[PDB]
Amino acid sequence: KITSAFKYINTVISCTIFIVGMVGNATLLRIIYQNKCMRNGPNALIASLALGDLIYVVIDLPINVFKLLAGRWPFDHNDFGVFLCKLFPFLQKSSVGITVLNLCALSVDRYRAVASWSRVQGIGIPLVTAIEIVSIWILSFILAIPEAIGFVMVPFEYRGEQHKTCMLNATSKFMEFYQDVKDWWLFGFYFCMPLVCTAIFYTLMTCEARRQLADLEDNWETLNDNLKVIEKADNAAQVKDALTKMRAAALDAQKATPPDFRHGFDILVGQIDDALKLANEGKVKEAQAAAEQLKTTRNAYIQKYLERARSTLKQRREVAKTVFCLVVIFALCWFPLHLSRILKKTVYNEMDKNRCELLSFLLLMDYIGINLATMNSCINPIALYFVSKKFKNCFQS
């Protein structure tokens, strides 16, 4: 038999999650725009996530706590209480829609972050990102529409008194059959699409980032090795072959160079051409001197280009790590309740002899599974503080 002790536990953890999730989101929203060197594409989406959670925690928690302390909804005997029976599902599901769609947009943006890595960007929030977040907000709000309608306050009798209880009651055929498929709708929209999309896009990113670096290493290594071969050559044929390989390498490396370094590659090709001409004329030593002339240009321009490129791609990845860590934490938090509801609907059998005690267990786990989902609303700040490695200094400052 369920006791009131678990009710007190629920109300105290609700009061705690309120405090934990309020100030953290508030301070993240303060930071995202207070510091000048902070605003960019993904950070605006993170701020949208935080605001979507903040609305929920600032509106819905202080009615849930009372509903648990008492046994009735607020304002049952007043007409205005009718309004505060349809906002509750609307906000609570709009928040989740916003979060899921924002995570998917982050995954797509992070994949585009390395698909034309040569191309450089500017500063501030891009033009497309603002309309993207507006579209996400409006689409989530619109998709959340079929939950507020039909949620009616139904009368009931207790102790010889007529009171109200808020529930979904049939009104029309479409929402009647919607009352029978919405459970599958939630599991297929808020849990199936985002995980698959993020996993699929994550793998494509991992593939691209890998090849590029391999191509860069191949070009640099073939340059160095052919220079080493020419250093101690003996005949014109080998010098010509090695210089041909070096010219092909220089052209292929320049093709991948974004628009200072292009001037360096043009000078490199010019010196290679001079060496090739001297070799073709029929001399060896002059070719050796011309090849030796390449060392200064190699040690002045190309090394710095290789350094920067590697370092930049390191940074690009860190951002992907924070995004997909958020995705995995969301999936972990939201899995248990959906599994519990699906299993209760499907595998539960009325004819089972031991169906009571099992249910006595099952309800209990569900009575925490819901709570787990709620905790997600306040897990975003802390996870950002131990992962981003840049929000750490922002919070400390």
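Just so we're on the same page, rigid core means the largest C-alpha set that superposes within 1.5 Å between forms. Numbering follows the first chain given and starts at 1. What changes on going to the form deposited in another entry:
- Fit the rigid core and compare the CA positions between these two forms: of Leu362, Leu51, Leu339, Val58, just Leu362 moves by 2 angstroms or more.
- Once both forms are fitted on their rigid core, the CA atom of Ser172 lies 2 Å or more apart between these two forms.
- Core-superposed comparison between these two forms: the Cα of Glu161 travels 2 Å or more.
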Given for the second form:
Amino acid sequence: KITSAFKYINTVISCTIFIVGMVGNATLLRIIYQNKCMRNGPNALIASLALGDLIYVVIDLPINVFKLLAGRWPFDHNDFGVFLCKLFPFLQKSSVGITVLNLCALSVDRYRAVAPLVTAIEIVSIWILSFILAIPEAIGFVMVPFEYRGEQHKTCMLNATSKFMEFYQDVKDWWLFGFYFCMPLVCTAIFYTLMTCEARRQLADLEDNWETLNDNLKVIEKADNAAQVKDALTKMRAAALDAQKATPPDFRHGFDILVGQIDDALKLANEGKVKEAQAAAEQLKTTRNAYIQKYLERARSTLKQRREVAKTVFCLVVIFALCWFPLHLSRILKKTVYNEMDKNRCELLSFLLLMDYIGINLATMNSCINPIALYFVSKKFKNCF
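Show the form deposited in another entry, please, because up to now only the form deposited in one PDB entry has appeared in this conversation.
Chain alone follows, minus partners and molecules.
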């Protein structure tokens, strides 16, 4: 029926997800630390995500299977075995933090490139903050008694012991909602909008300058008197002086020589001879085709590459947001519109618990799925496979 099949499928998913996570994270870690071409900005953060995934998937699923197939927490005959029911919730709430703040950093840094020590400092700060924020959940769980098989045996559960724990259990659900699924989903969107606007502006400016140069060339080629060449060369000079600023300190020498030839042609036109002005402007085509086309192509390719990395940088966050929502959606129904007298009675009371189990399962499966997409969507990793 429902319960036996639920237990069997839970054991199966735990057993498979264990090795799936170890394989994925070990593979990604090896590639990151060995491939000299792989190492870059985002790759350190991705390796951090993989390692945070591994440090949760190594131990936490086997003990869940133990509880599934035994009904009793292991190591109950000793005295240390209590703190496991503290370590089990300690790790989990840590790992999600690592996955959350990082998906803000990927949004923070990716925009900055479009607009080392810093990465190490950010990683250390993120890890320290996530570990610090997960101590209440460790201090909350503690052993509780009951009578079973004739002995006072124990089940790991949350008990109201010290006023700090009380104040924690009042608002833990809403604090989790307001932190782990609210701030990133807005910050990433804001940074995405900023990045898209900036990229569009840069493309527009570059295209406008190049088009100005080409159309002015064509106009001078068909010119007939002094005024036309004068105005066209003035526009050319303005466009070249505006475009020279985009060069990062090769290309600057080319822009300087272009402006110099424009100045010579302008002087010849000022002297009053149109034909000599056309002859002077003839040489501009060679400098164009030998200095400007290359830097235009390089800039276009580089901006393409930045878009390409942002693609996966945000596919990760969209997958995370899709995965975490249903559990909170099912919890909030049992907290705002709880099955007091509202609807369906026996159906809803168990329905909320059923989707809570599904939410737990999907939240755990997020701790394995991310490598799959990184390889499948990014494509760059495939090249390294």
